Amino acid sequence: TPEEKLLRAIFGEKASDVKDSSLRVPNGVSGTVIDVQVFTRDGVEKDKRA
Amino acid sequence: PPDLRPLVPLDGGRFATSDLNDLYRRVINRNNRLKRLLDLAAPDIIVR
Amino acid sequence: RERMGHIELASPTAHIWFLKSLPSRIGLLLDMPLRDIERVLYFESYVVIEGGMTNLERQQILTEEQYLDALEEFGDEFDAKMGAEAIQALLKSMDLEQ
Amino acid sequence: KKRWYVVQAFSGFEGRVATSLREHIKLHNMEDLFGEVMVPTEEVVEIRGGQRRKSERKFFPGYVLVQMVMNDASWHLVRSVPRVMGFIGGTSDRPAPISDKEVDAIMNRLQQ
Amino acid sequence: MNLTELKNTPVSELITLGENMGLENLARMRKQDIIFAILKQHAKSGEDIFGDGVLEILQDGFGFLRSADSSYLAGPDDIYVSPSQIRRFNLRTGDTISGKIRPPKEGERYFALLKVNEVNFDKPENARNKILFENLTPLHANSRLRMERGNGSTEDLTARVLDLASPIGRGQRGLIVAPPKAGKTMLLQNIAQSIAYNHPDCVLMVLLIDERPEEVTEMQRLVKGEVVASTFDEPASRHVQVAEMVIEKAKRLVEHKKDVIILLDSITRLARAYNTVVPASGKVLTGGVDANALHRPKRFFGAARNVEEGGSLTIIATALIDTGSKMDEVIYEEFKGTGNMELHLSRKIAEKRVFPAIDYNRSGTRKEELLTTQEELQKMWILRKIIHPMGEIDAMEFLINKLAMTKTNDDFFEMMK
Amino acid sequence: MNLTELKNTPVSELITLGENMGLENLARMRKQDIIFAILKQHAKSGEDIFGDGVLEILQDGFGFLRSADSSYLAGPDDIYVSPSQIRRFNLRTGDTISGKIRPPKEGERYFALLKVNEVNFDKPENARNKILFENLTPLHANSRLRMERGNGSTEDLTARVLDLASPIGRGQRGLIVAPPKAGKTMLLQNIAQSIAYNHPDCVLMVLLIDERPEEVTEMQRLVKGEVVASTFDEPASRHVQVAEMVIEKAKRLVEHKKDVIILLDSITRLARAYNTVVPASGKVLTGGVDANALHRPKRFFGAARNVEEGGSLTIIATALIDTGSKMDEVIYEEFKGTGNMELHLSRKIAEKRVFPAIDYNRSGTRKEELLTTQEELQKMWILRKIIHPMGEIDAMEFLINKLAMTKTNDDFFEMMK
RNA sequence: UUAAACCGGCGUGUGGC
DNA sequence: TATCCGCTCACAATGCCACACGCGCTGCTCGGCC
DNA sequence: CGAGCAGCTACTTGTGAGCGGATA
Ligand SMILES: Nc1ncnc2c1ncn2[C@@H]1O[C@H](COP(=O)(O)OP(=O)(O)O)[C@@H](O)[C@H]1O
Ligand code: BEF
Ligand SMILES: [Mg+2]
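Protein chains in written order, with the authors' numbering: chain A, 896 to 945; chain Z, 246 to 293; chain V, 99 to 196; chain W, 6 to 117; chain D, 1 to 417; chain E, 1 to 417.
Treat the hints with caution; some may be incorrect.
What the hints assert, rightly or not - Here are the in silico distance ranges between beta carbons for each label pair:
1. E:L222 - D:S84: 44 to 50 Å
2. Z:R270 - W:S25: 25 to 31 Å
3. Z:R293 - V:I105: 18 to 24 Å
4. Z:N274 - D:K224: 53 to 59 Å
5. Z:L265 - D:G225: 57 to 63 Å
6. Z:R259 - D:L58: 29 to 35 Å
7. A:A910 - D:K224: 47 to 53 Å
8. D:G22 - V:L166: 54 to 60 Å
It is worth saying that the hints were derived from the structure and are not from the lab. Quick reminder that beta carbons are idealized off the backbone N, C-alpha and C, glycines included.
Build out the structure end to end from the sequences listed, making use of the hints.
Given below as structure tokens:
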């Protein structure tokens, strides 16, 4: 409904974002991160870490 | 049944599919074309 | 998983498992070798049914020129279906006890 | 007599297959033995209304049955152009075309 | 038979007719669902049903025959129209089509129209060979549509005042700018009644968008003609659906050389729905309206025009002000410059229980000389000259008193003497 | 053959011509779609079609030949122009090109122009070796363009008053500042008619942006010359398209040493469209206008100039006031300082049915001594001296009475004696 | 109607035994 | 008109385990019953 | 308008049986 759209717009850019959709380490393997690699598509805004 | 030949969500236009689905697709397409050809009084060699 | 559907085909079709099993089941049932049935099912040849007063045998196969030249001798009483329909008609009118 | 022989081809480019067949006719000035293409893919919807105008101007099986009085050199011509998947017809490879009643039928399909 | 022939009557006659047809309990399902079941049984009796409706074209190419009494909306009795008819005749949106229909076989959806028998109350041959609507030549209002009733009612003045403020004619584009609680409802009511009584030749098509259902019921069974409406019960999708459908029906009826009056209230809610159903262009305007949110409203508004060849389309869409926010006012602005006919109503005088409170000052008509005779135009010019130098309350009380002291408008001219 | 040759005539002759061509039912499709189908069949007859149109350049490098009768907009008969012509001759936007065209093969889009035969009514050799428009030397109005008709009509005064208020000449930049319901329509109408009748040498190019379609039809078939317009039926995109296209056509025609009069109404709606189609700079001005929203309007306005070498471009763009909001007034302000020719119209006198109500006080022309002879300039100075010390109503009634009591302007001078 | 609790299909290549 | 001789095709080829990767682009035509 | 079709190998070897076939 228009109220939902105007509400999610006035509260920033938020929706049914509850999707975890995050990568974790596979169950059983430890380690220490030593290098991060990120590559963006032309046009997408680069985050500060990139 | 569809559970035996699944279409799991592979991202993008690329899709992880079963093999039988393409055969069923082709068979249904040919069957629909044959059903629509007989009504249009199509040539005998064409329906053959 | 247990519930399934079906496909209504406008034209009959022959099952390949009884065609090229070596030996076949339809070829032995019709007393006809596999090559003639193969030529019939793929529309390079015909097969006649309900011979009767004609000079031709029923279980024989015909080609395109054979169906052309043999059409003028008998028009109404002569029946020559082509494809899986002809095979189905042969199977329907085939007795077993005799 | 220039009969109307039916032929199947590499589909998808069927119109371009017809144009290439025509180019091959006009190359060897084969219009003596040959006629035209008769690709009556002419279901002619033009519902150019609001929110959508892309109408399907083409609907017919991928057959481009050509009028010609057949010769074996003509057969090897129509097979020499690429995209000729099947020259159908009951035969070894020298078929008999469709009758004239289906010529009237295809005239109906063209007019519609 | 015809669906509307079963629709003019309440659910009670439909129930007893279904009992005559020998079916399941009809009162349980909806009355339009009752009509669907009844037509299904009537088709089961071995007869071809005769249906009618205006055409709605989807992306697939087929059509739906929406009925008049169903407010031009989706229903179980919407006749399916195969694409072959759109290939033969190419019936566009809004074409009133009547013809033979068959029942839906199982796994199908609705009734299918076999052969058209009537195209827009004319032979089907005129449907293919015809000049289109956006292809016409728009013109100004040549013929004048008088508004006064002629027997001197109290709200008859509400028509006379228009004929005294700014005339209305065929093909005009009228706006009604009024705040809430001003008197627009009764105004358009008596306007429709006067158009129907004094000018029964033209096709009265009253329109209602997002109002009370009681208002819809009061409008449908009070005025002459078809009354299609879409209240708040339907979202912006069905709002824009019914709007474009009635506008295309009017386009087709003008193509058939007929006059169509479209009294719409309100245009601001229609604009809100349009702004709701437009894709975002990554930017907003002043008030909270998208950039391309006005294109389709402007199209719907400018569909009205006067034609050289035949027929006219005159829309009177009410504009709403005093809503507190900007966007609605923005709409109003974007609509003062496109319409060639303004009419402004007063709420500051309506709160004084002074009706009807029409703004005589900012009312006007472009090319109004074609809307009235010569000497009547001179007398109206002199009358506006008299009305101008006095105050607002002065002009309005003078209007109401001296027009209720009169009965008709030419009698008013002959009394001012 | 030529598209305009099939366009000057209505859809009826197009229908019978298509019936002569033996095609599908033509009346069903649009009349411009009829022309597309008809030209397709004419090309099927084995002949090279001869087309013409003004060039529109996209980002890809090819061009479109937009036709005059199609209001310089997108159409199915827009001739495709291969980039090779832009490589050989480098035809810029607005260049009227006529040449041989071929039908579109399937999977193509439109007709393709093979070889140019006429470039701006001149040989193609002048197209490559030519001095450009923004490369010219702008000057003031040297030659005077008289406005009075000469037979003494009632609206002939509406021209005379200009010649009595502030002269108009070639290469000038004119503004018409007027509120709504003031008399701008008939004013520009008789202005165009007088320019055409008294000065048929110059190219009359009347322009209309976002008005009623009836107004467009009244303008097209009343005045001499090409009438391209874009009503509210088209969004800001097509508005800016037609605007830049007519301005580039005028630029090219002045490059070819010809005089172009551009009567535009209104400039405020054009500025609104421009402000609608500019990228947001994260800030807004007073009234609700973007920062860079004025650059392209200012370019379009200053395109008018008088040239040393040949030709002139004189634009008369009407400014709109009394709109209630600020932004429009802002436009007006940003436009008083760029134009060197102001003309102000009165609505406070127009409501009194006193026409024509031109503001004689705030009207004026910069370097007006080059616009009129010596002693006529002395007499105009003395006449403005007489007009000044009396009131507004006094000056205006004196104007209208004593000029309707006259027939021509020099006769008016000889009667004031 | 209400309350509580819970919610790798295919091919390919390589290597090893 | 029966009996070997040779042509032609189907069917099969250890089992596990571990790791890794790649399963495409664009134009046309057909399907139409939310 | 969406979806599906489509256009841009040659050393495996054995074992076995079914089907001409040719030759008296
Ligand atoms: N020169 C004139 N003579 C007579 N009437 C005029 C004249 N100029 C304007 N009018 C009146 O003005 C009205 C049209 O106004 P319009 O041109 O639309 O105003 P604007 O264009 O400034 O909004 C007509 O009804 C006409 O009676
Ligand atoms: F009302 Be006018 F056309 F500005
Ligand atoms: Mg105007």
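Status of each hint after checking the structure:
As the Cβ distance of E:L222 to D:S84 is approximately 46 Å, the hint placing it in 44 to 50 Å holds. A C-beta distance of roughly 29 Å is found between Z:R270 and W:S25, which places it inside the suggested range of 25 to 31 Å. Judged by the Cβ atoms, the range 18 to 24 Å given for Z:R293 and V:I105 holds: they are separated by roughly 21 Å. The hint said 53 to 59 Å for the Cβ distance between Z:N274 and D:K224, and at roughly 55 Å that hint holds.
Checked against the hint of 57 to 63 Å, the pair Z:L265 and D:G225 passes, with Cβ atoms roughly 59 Å apart. Look at Z:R259 against D:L58: about 31 Å separates their beta carbons, and that is inside 29 to 35 Å. A:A910 and D:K224 have their C-beta atoms about 50 Å apart, which keeps the hinted 47 to 53 Å range intact. The beta-carbon spacing between D:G22 and V:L166, approximately 58 Å, falls within the hinted interval of 54 to 60 Å.
The structure shown violates none of the earlier numbered hints.
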